[PDB]
Amino acid sequence: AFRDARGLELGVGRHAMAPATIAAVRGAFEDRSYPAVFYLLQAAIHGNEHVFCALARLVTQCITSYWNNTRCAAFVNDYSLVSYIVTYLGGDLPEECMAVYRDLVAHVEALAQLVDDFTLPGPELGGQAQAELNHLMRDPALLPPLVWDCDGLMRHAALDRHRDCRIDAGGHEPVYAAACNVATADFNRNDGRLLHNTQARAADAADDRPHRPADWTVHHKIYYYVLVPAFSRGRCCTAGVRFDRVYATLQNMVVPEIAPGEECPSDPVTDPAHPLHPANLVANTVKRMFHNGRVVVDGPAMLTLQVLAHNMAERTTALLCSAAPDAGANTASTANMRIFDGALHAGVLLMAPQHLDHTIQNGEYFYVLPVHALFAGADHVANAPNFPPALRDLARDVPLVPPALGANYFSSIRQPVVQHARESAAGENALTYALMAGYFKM
Amino acid sequence: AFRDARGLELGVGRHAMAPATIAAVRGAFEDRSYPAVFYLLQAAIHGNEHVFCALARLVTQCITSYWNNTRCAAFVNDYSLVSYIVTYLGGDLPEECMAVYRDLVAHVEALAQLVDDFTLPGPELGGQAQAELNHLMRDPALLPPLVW
Amino acid sequence: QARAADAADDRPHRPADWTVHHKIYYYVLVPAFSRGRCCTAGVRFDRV
Amino acid sequence: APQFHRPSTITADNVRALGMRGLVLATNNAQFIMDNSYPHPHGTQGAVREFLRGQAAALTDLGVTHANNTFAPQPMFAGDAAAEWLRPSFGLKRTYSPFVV
Amino acid sequence: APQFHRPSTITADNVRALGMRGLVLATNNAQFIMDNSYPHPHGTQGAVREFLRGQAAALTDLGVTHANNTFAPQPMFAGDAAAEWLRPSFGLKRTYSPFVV
Amino acid sequence: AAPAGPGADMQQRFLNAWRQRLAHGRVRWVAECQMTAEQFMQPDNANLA
Amino acid sequence: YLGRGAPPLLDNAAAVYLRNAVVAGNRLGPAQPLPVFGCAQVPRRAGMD
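Protein chains in written order, with the deposited numbering: chain F, 590 to 1031; chain D, 590 to 737; chain W, 788 to 835; chain H, 3 to 103; chain U, 3 to 103; chain Y, 492 to 540; chain R, 1130 to 1178.
Calculated from the structure, these hints are not laboratory results. Yeah, the Cβ is synthetic: ideal placement off N, Cα and C, and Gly gets one too. Among the clues, some could well be false.
Reference listing, derived: stretches of chain F covered by chain U, where coverage requires no fewer than 3 residues with Cβ under 8 Å from a Cβ of chain U [to be verified]: (1) 645-651; (2) 669-682; (3) 767-778; (4) 789-803; (5) 831-840.
A short list of chain F residues far from chain U (calculated; beta carbon distances all over 10 Å) [to be verified]: (6) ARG603; (7) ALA607; (8) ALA688; (9) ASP856; (10) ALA872; (11) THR874; (12) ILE928; (13) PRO1005; (14) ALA1014.
The task is simple: from the sequences and hints, build the whole structure.
Here is the structure:
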């Protein structure tokens, strides 16, 4: 009741969301009927901007169907996607869901400029700014749970604080590459290679350089650590994704050949030349997966799904790296301390826990791996393909993060923030400023 | 008057159903004109998962035909059904009655978590959990009235 | 159960939450709507 | 062809050899008075057993009559497809209209 | 013709020479019994390396079959132009309807 | 812990090897359900010191 | 828990958990065990205002 009270203190005078754009997103997190093609596309795009504008008709139809299906938005698990839809899909969406996407992005930018209202200026200390010493989210010591590029580790690399980094699939030190092809890919590798191939141009690729400014990863950290516990209320998890299994069904498409001099099919039920006709619904290909979760896709929009061969990633990689306390917290009694942080080099945010569906088997595409207690949905853990039956009591009220990913005491964010997110009675505006102020350092 | 205000106490802070979707569900409990094919489908599906996606076309038409007549939801006597409508029939319904099934399920999961707030952690005692000793619903000693 | 391919004589198909989420429905939700005017029935399946 | 007011009559193929259209009508056009001159050998509840075994086989004959209208049944849920170790197994929500023009 | 119950059969050319439509049902009618007498020389994970070099290579072959349905690929993003000192490098949204009448 | 090998069974590496010491003793840091004046009191809060 | 005059619970794994959760910090919490013949002895705090 105190922690919400300073949120209302900060809530006035700066940007507040509509109650429309809250109910659109919070229903999208609690959508137990969620069509799972959006999870495969989230891995298919793999946070690469070039894959987004390639599939732009397919993305804007998957939303427009899902906006005609439900009064919920589609890609609100991935912040890069919510950025790209406002960026590259400004015209061709229904305008009720466009203001939902527009209000959700600027509310992050409201929270980013909350810190700069409070931070006094000064010199640079330990190679860090004044705000990076002040607030956690400007500070690149912490890095978000779901990272696709290598910008998040790069700014964590170039420091006087970092302990070099521990990749763990192969070798201790992480390593970067330029681009990935279908002959270059190794869909289960043990060498710790990190792909930097999320940028705009396929012609422009740099091995040791960032593609994006500092406002890219910070608005990611403000989205995942703050807005995701704000709406979801502790039913969410960040899984590792089998890319070789996900890619195997996307590119497996059955589109019937068009007749010479015939119109493009707009009717999914009536026209046999439509890929969503009942004749074309074949098991284990993508158009029936478009038919399982009911998504209106016409002819060429699933035909531009061949842009996985130009850009794809081989697999996901868990990540655990430490950092020293900063300049300004660095007396010799505290200098031997380490703060362990967990992340995923690829991986999606599961919005709604479900195992009652079996259009996809429980555990084919995703293994749950809660890297953080904020991203530990209990039902995701309690419905793994092997979960021990003696833990059905203990996992119900306790989050489960393995110590390969991090510990509760050695995380950047300890327990009661996870507790405060699921227990607070404030509105999602008033909780957000209550939890945005919780991330000022000590 | 004590017991009601006792539920006013716990009622804040956690999920309440919308007042719109109450009148949708309540109007099916008082529905004298209730068509009995829904009762014949309910004995048909009998709490199976394979039967439900067989009859998935029939159920989404019967509900939508029932939704156009009265603003109510017809399968709300059987929770094994209502969970399947939310899990399997997400797309092809008008979304207002889709939210009728969505909110009623989401009010149960808010009631399952209410025990976990109040039950303290502890060992298993007599082979049973702590919440199985605390509250009756997590306790398997009582069993539901219709067990398919 | 889920499939005809999965037939279990005593192996569990559903979690214990599937037993609890039903119990809350009939005991807690339903009498708050039905207002006591409801009845349980057995089914003559041969005639049904 | 059966006489539906005699319980000793119906075998499961007596229903199946009759069409579904006449299955309703010969059960609409039988006689009121139940005749007990020769009872069913398994008892009088054995006839209701023998009767419903044939209507389900009368539906599977009716499903063959729509084979030029219905499609090949895909598995409804996962866990059952041929190649599993290299690609996943789906399952299809049979929610569409199985229809051939 | 690759056999999807054997690990040491799937190559890149066996999947690419098979069509995109002919790879759907043939994998759907393979053997559930996986042979273990002759494994893949780079492991069973190395066959999953080799199997997806054949599907994605046939996506480019699918682009040849639909070259009369889509258009020439223009660059979506910036930094790429022949004449740069007098005009910049544009970038197109591909949010239209790719369809050739 | 250090992560090892593939990430797929890394949850499963956690669940099986820890289950004896995890399920037995109660965790200290779930004390959020403890109230305000139930914090500083000596009953049920031997974790005061 | 100072004075016994009643039977305990039958599950002794339940009885100690019910007893060591009350006793663990009271001003009137008993000694190490209770004696068979004797008294609970009610351990003294160091001061009182």
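Evaluation of the provided hints:
Counting residues of the stretch 645-651 of chain F whose CB falls under 8 Å from any CB of chain U gives 3; the rule of at least 3 is met. Against chain U, the stretch 669-682 of chain F contributes 4 residues with a C-beta closer than 8 Å to a partner C-beta. That satisfies the three-residue criterion, and the hint holds. Counting residues of the stretch 767-778 of chain F whose C-beta lies closer than 8 Å to any C-beta of chain U gives 6; at least three are required, and the coverage claim holds. Under a criterion of three residues with beta carbons nearer than 8 Å to beta carbons of chain U, the stated coverage of the stretch 789-803 of chain F is upheld, 4 such residues being counted.
By the rule of at least three residues with a Cβ nearer than 8 Å to a Cβ of chain U, the coverage given for the stretch 831-840 of chain F holds, with 4 such residues. The claim that F/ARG603 is not at the interface with chain U holds, since no C-beta of that chain comes within 10 Å of its own (minimum 32 Å). Non-interface status of F/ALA607 relative to chain U is upheld: no Cβ of that chain comes within 10 Å, the nearest being about 26 Å off. Residue-level check passed: F/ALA688 sits 19 Å from the nearest beta carbon of chain U, beyond 10 Å.
Here F/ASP856 stays apart from chain U, with its beta-carbon at least about 16 Å from theirs, past the 10 Å limit. Not every CB of chain U lies more than 10 Å from the CB of F/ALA872, the least distance being 6 Å, so the non-interface label is violated. The Cβ of F/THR874 sits about 5 Å from the closest Cβ of chain U, inside the 10 Å cut-off, so the non-interface label is violated. The claim that F/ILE928 lies off the interface holds: its Cβ sits roughly 35 Å from the closest Cβ of chain U, which is beyond the 10 Å cut-off.
Against the 10 Å criterion, F/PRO1005 stays outside the reach of chain U, whose nearest CB is about 42 Å from its own CB. With a minimum CB-CB distance of about 42 Å to chain U, F/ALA1014 clears the 10 Å threshold, and the non-interface call stands.
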